[PDB]
Amino acid sequence: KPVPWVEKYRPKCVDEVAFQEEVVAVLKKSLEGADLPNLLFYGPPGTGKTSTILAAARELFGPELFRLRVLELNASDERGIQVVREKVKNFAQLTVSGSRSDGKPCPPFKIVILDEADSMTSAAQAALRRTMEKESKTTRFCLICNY
Amino acid sequence: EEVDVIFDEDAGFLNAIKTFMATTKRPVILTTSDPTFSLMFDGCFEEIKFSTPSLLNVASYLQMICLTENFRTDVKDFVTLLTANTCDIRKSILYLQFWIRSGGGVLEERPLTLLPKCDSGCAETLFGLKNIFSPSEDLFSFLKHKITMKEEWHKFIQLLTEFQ
Amino acid sequence: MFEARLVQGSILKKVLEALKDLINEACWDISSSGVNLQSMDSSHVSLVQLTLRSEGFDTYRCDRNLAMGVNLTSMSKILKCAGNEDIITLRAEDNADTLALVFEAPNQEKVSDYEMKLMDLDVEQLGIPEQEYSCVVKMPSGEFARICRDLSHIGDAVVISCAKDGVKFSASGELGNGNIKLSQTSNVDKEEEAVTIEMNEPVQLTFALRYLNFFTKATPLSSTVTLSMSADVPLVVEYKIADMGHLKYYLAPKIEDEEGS
Amino acid sequence: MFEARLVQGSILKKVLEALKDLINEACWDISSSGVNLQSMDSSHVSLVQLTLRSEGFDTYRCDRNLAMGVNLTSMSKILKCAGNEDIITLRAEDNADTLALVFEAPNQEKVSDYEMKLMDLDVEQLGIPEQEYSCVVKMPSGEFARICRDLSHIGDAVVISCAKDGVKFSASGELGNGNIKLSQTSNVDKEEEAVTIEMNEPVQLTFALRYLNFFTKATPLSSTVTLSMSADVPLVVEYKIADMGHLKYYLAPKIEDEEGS
Amino acid sequence: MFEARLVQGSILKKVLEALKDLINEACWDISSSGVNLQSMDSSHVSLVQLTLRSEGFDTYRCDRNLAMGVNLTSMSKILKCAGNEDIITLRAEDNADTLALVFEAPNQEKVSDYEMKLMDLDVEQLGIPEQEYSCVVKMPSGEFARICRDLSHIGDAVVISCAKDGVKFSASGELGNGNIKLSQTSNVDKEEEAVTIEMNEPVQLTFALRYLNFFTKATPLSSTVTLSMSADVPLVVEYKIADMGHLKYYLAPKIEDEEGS
Amino acid sequence: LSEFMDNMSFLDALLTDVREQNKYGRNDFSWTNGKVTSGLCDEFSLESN
Amino acid sequence: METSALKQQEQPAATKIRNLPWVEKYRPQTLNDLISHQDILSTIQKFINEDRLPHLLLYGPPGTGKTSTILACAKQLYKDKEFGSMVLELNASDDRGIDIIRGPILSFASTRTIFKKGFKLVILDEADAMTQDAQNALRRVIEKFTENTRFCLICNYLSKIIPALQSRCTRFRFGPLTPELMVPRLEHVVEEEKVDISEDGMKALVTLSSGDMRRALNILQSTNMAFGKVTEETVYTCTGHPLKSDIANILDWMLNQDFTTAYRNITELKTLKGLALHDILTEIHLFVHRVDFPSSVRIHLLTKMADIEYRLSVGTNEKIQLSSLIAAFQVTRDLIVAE
Amino acid sequence: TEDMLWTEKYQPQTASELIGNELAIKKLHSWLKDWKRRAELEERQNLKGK
Amino acid sequence: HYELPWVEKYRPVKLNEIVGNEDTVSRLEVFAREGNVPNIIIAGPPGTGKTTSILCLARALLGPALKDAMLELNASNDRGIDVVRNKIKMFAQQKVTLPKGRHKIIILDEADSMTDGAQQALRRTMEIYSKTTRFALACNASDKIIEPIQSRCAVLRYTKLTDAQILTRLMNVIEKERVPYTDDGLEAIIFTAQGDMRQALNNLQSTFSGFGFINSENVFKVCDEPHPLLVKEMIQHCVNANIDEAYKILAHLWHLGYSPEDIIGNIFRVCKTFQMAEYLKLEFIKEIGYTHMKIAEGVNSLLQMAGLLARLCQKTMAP
Amino acid sequence: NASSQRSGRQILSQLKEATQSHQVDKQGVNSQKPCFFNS
Ligand SMILES: Nc1ncnc2c1ncn2[C@@H]1O[C@H](COP(=O)(O)OP(=O)(O)OP(O)(O)=S)[C@@H](O)[C@H]1O
Ligand SMILES: Nc1ncnc2c1ncn2[C@@H]1O[C@H](COP(=O)(O)OP(=O)(O)OP(O)(O)=S)[C@@H](O)[C@H]1O
Ligand SMILES: Nc1ncnc2c1ncn2[C@@H]1O[C@H](COP(=O)(O)OP(=O)(O)OP(O)(O)=S)[C@@H](O)[C@H]1O
Ligand SMILES: [Mg+2]
Ligand SMILES: [Mg+2]
Ligand SMILES: [Mg+2]
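For the record, the sequence lines run as chains R, S, P, Z, D, C, V, W, F and E. The deposited numbering puts the first residue of the first sequence at 36, with every later residue one more than the last. For the second sequence, the residue numbers in the deposited numbering are 1305 to 1418, 1451 to 1500. The deposited numbering puts the first residue of the third sequence at 1, with every later residue one more than the last. The deposited numbering puts the first residue of the fourth sequence at 1, with every later residue one more than the last. The deposited numbering puts the first residue of the fifth sequence at 1, with every later residue one more than the last. The deposited numbering puts the first residue of the sixth sequence at 1649, with every later residue one more than the last. The deposited numbering puts the first residue of the seventh sequence at 1, with every later residue one more than the last. The deposited numbering puts the first residue of the eighth sequence at 1049, with every later residue one more than the last. The deposited numbering puts the first residue of the ninth sequence at 33, with every later residue one more than the last. The deposited numbering puts the first residue of the tenth sequence at 1157, with every later residue one more than the last.
Derived from the structure by calculation, the hints contain no laboratory data. Check each hint, because a few of them may be wrong.
As the list claims (entries may be wrong) - Computed, partial: chain C to chain F, Cβ under 8 Å:
no. : residue
1   : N1655
2   : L1662
3   : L1663
4   : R1667
5   : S1686
6   : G1687
7   : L1688
8   : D1690
9   : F1692
10  : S1696
What the hints assert, rightly or not - Capping the alpha-carbon separation at 27 Å, the derived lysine-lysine pairs in DSSO-like fashion look like this:
no. : chain 1 : residue 1 : chain 2 : residue 2
11  : E       : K1189     : Z       : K20
12  : S       : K1322     : Z       : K254
13  : W       : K1098     : Z       : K248
14  : P       : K217      : P       : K240
15  : Z       : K138      : W       : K1098
We treat Cβ as the ideally placed atom computed from N, Cα and C, and that holds for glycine.
Using the sequences and the hints, build the whole thing.
Given below as structure tokens:
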């Protein structure tokens, strides 16, 4: 029933993450246009990259459509990138209609938050590049790394 | 034969032979090489285990099959032949048939009392070492002496590769 | 001392293949009147009601009200050993812990007695409002079965809109919307056959497809089925077994949302 | 060159339909006397000995007494294509790897030449020695068919008992017995229906029922069937196809685990 | 902005079960002359050409040329629930990505609106001119169906040779080669159709079993079919529909090599 | 002898072997398992070795 | 299944009013329009024109122009009215196992053409991703139907193709573009697109691309639209590559100061720039052969950095490996400096 | 002029002709001899009954 | 009118034209001459002539009945579980009349691609039906064959062809095809085909069709390997412990687009036949193998290559 | 054998009466080995 502490007190929306000034500003500018580009966050762990991207996903979408329109994936899968590419293809192929009662309709693009993107070989990186180019205007990619 | 081999086409084979277990009036025999099938199968059955046979007895029997085809030989070569095949009688008999019916490998006489010429050199052709070396060359003779020429080096590398 | 005798062995097989997946634990409630099933789906979205009266049974006996719970996979294997023409006795005791299914021999081969367990987790008391519906319709069973199998390949949700013209089963999905309408009577080989409607006002509701897929398996229950559908109360797809009794399956609609602006 | 001409192809179709799931493969031994098909079954409990003499064929020529073996799955899949009113040609060489069935269809010119390959059967010819049977029964084949059906519902094993008034086909069951008594109906209009018993002494033996059903499935081949039965010999079910030949079924009795006193 | 009315759904359901797994995606091109289908197999060994006139429709009207494509799995799956005698309507816009199959009532009770999503795939007109053929024969649908079933049932390569005497359908397989000979003088009695020949030079070709089997799924479209085969031009299986249109089936023969000396 | 056996240890440790050792069981002389029966399904391996 | 329609109209899909796809702007059309690998293209055209076209194996790094080259060969060899009846193209996107070889490939290679007589062509993009058994079937399909049809296999890694499949074909490597003949393409596109760029921008563009035009144009348009100017600093900022001044300062700290101050400065700059140890090792390795060191110093440094780049792959603590990288220089060259 | 593999050319007709695994083959031979004795006893009982 | 490839134009038609593996080919010759062939499994590297050997043996055994008494199943056929259950067993049970000592032959090429279920089924149908049918299988890696078939067969071993044999048959093809050549082209072709007759014939046909003359420059223009003289100069500089020139040449090789894998492969192939001392050759081979496993495991950059260069240089300057 | 199709219904309906009943041929050719199979 209860949730762990790390996912409980993370900021609900943008501008609530302290110590960052321009990153949240550019994120708010992108959210006001209702169009998030392909995003790359790099920094040491326990800094707030995951919190910032999850807050942006919660801000742009609705909370009832927050989980349905984002997909969290890790790049350290043991079966190569074939399983990762097939999961991304399945997520991008499936489309879920959404409606927000707050007054702003949901943007059409889906969000794939990919963690540990710096543990990726060059062949797999080129495969991910061609996968992102295949879904350029339908799915905006998020890459999380330290380096 | 080979009860442990179950495919997806063999749907419900184990339940069928369990019904055969229950409602038989005639002997039923199961043969399998999988040691784990003695544990997985649920039923009442008398267990018989075939151990690996003694090397010298099977070697004498293979020498014997060689004799009844009118060739003489030594015990040690079939000993190492059995060792290479892990005392498999089927593999040894089939390779022995292929080897005897090809006319023999090396004609060397060995006068032993304990007469025609011996036919030693079965395990060398078994591993394909005769395709690498000249028929005058011996394996341990090649290995003991000093390797200097390029072709001897290539023979050494091909021998070690075939064993690697 | 509970002994119920069924006139045909196909009745349990045809009511229970529907109950293969929707219910995890089936709890028979026995009393003087007959046999009741109050099945409570593990997703907390569907209900199953069965009333089987005593006069349909060839013989039926009861001394006290009892509740016997049987696990879903535990009787499905034991029912397939009974033929449709076999004549079946269900026997339970007051204080013992075994349920006996005594089938008559398949064409007088050999008497097959099967034993199982009757421990229920709880009686699972549930109330039925006996409500009044704004739409009640008599429509064939096979038509609903082929509607479900046709819309099943599209998606996972189906929207129904009952109007005075007729019903309109619609299923929007990944490939394309499928729409089947039923109005007035119908022309078949039989002289009389109709999707007949008695109704007050047109209502529409959206439901999960897979739940109607498990109620589809109750197709040989009757030639026709009854549809009760209204604004708020859950949809009834009611099967009559003639003199046996009745069956009513409830499923909760999936609520829709309208855009504020 | 072996050349055989079936005047009517329906008889061969019917005998394969009588033995389609019974025997794995059909072995033919052919001489100047005619075609013989003495096929074992895979469990080796029943043997079919069908003999077609040379004079029953339109044309016939054998230059060397020969034996072939063809899988009857292939021989079953070929003969679906033929009509019921035509002729069949079976052609083979003295040493050939195939045999040809030629069907001239009832059209003016439609020739079907199916050249079927011969399997290298290792099993030699199997047949029981000739012996007098104490019990000889001349009896209608279709009435055997309905007895076999009734006992087939009732049971799977028949304790058949021959008595002076006829043969009684008694089932075995936990509660259901298919005891059907046959009396003398010789004084009847048609000699096929008339039952004559030439039994020397009564003898009791047990038989399975699936093989009896398979044997009696050949009822339209012959008007009446002879039953040859004696002590410790297989039961013979003989049909006489009038002017084409005679077929026999040898069915072994079930073994009995007799208990010591 | 295209609309179309069709007298019966039987013609469409038959022409769609003809091409279930033969064709991956079905792309019809539209014109004032009529409706056309230039499609080619995903393995690129066989081609289908369906040309239907405007006058064979109930009412035909167009505004501009357009070739639209649909996934044949979805186009098949929507049809299984169809009335064979039903009037149907096909409708599209000038630049919409959806094609609607407006379904009328098979039971005089329903109006249905199905939409299918187009896909954006390249299509090139395979511009084959009508060249002369060395052997043009006629052959019934039922007989050709049975003979293709039988030949692909035995062997894996249907070797068809057209000569002056008739059409020889051979199949050299692992089980045993089956050869079939038709003739000019032969006419069947099932549908009273005569095999007539327009032979010019003898031609022998070999084709795959399955693809001819899929071609041979199209029996109820026409009473008879036309086999057109030349020494270099591939096999033509042509069904002429009564007043509706024409269908054409191209299959390229297999590789056969000269036997070494 | 020590030099040769040092190179032999080098060959086993820091050189690739042809067949991947301890693929289905662990290394030799262990009582966990080792009764690895061969495959029993007609589906292909589809491996990326 | 399918998957070709999306690409097929993905290539002619643009806003055409705001988007600027400079990679897709300049594309070759024919063999005379690919101004690179003139020997390979002339050899292939000579093979086509003599009707002596053998099984081709086009291999090399991606983006060098293999697929467009063989598409030009297919369009020139067969006209548009018989392209679909004579050319069979497959990729690794339609991977269902090894049945792709026994499916379309075996059926298509075992029949004649339909309409116009001639030899057919099979193009297999990304053939190294094919499994070993599927390739072991493809070699037999190649062997028994070589006369009727020819096979052109496009792959990226030559080592993942079996020796038999290589030995049934002739191999053509699309090597990287020498920077010289690459630079005229860059000056043509900047002169067309009105971009401010210095010669350091050209050096960075020909360095990061390492002989390709696609990623080169990608880097060029990205840096141009992000900054408005293209220089060494702006390119290595937009790409996020190790800046040359930063690697120079890293080498200065490892070559002048003591252990602890160098360690603190390097760690501070690493967390300031997000710069890993693998890229530091690569750029320092490029730097070592340019800075005049003795032979023994160069050997020792190269051995130690090779060891550290091996240790970083198995996943140890990068902090300890960074301090050992500092130690590798403190052992030899700071001792020589103190000497 | 031989058409046999040596596995079947030198096939052991008797279990005593086998080599090795002596306890196993004597166990199997005793089991099958007991089954033969049971079958012969069943035939004797059938002959006594009729 | 069609240009038959020289692989298929000059395939041997008798077992006495096979070069390489003299003992096994002589035994195949005597078994084709006399008869009663056992179930054989021929294993070796690709290109050594296994399919050609079994085809010639089947032809010499059967003769005119080769179309009827031989069934061939390659990797491009189905060879599934049901195929082994029906088609192979039906061919084994088929009756074919053959002379004494001749049996039907079911060739199963590339038994590596035979799935383990098919092998498990094929055991008994290989075992019992040996009176009329015989099995001739061929593979590369015999470990992929399950142990019951190897028990049920005779395992014949094929080795890599010695360079003299590939030279002799290359000269036979050249003298039958009037190929203009020099000895440098002969050495280049033998280098580009490491004991692989198929690769040598294909490369020779490719350079003769491409440039028309057989010398080293044309062969390495068609085969497009890293040039063995450049790699020999690498190894020669590293013998002298000149890291600057060796890394100069390796940077040249790297900027030409050669991958790490074939670079270290060519370094090993040149270093195997290089003229230096035995101990230095051993240490060079050990370090080359260590670096090659590093390339195999996934780390493959210029830094690893130059590191191997530094280690090879330092093995000379350190006792 | 494993070379044959041996599914449950096939093996019981083809080989149960091999155990439950006698052999019709008991003298003569009996040292022969029917390998059970169904096509
Ligand atoms: N500046 C910040 N403002 C608000 N919350 C913060 C801040 N920095 C860290 N946190 C919280 O610290 C927790 C961990 O941060 P996360 O964003 O989940 O992970 P991270 O910082 O991306 O590091 P990773 O995911 O291991 S690379 C979350 O609960 C954040 O809300
Ligand atoms: N030599 C070249 N000169 C200029 N542009 C080129 C060249 N080669 C490729 N391109 C560009 O790359 C595009 C397509 O090249 P590709 O054929 O995809 O490259 P590739 O060698 O096949 O590697 P892939 O496709 O990424 S595996 C062309 O449309 C050009 O924009
Ligand atoms: N020993 C040889 N003597 C002569 N020609 C040979 C020899 N080995 C190979 N060849 C030639 O190479 C061609 C191909 O040889 P194959 O036998 O197909 O190779 P392989 O032994 O089957 O190995 P695979 O097929 O790649 S697993 C033959 O047609 C010959 O032209
Ligand atoms: Mg995170
Ligand atoms: Mg490409
Ligand atoms: Mg081969």
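Please flag the earlier hints that this structure goes against, numbers listed from lowest up.
10
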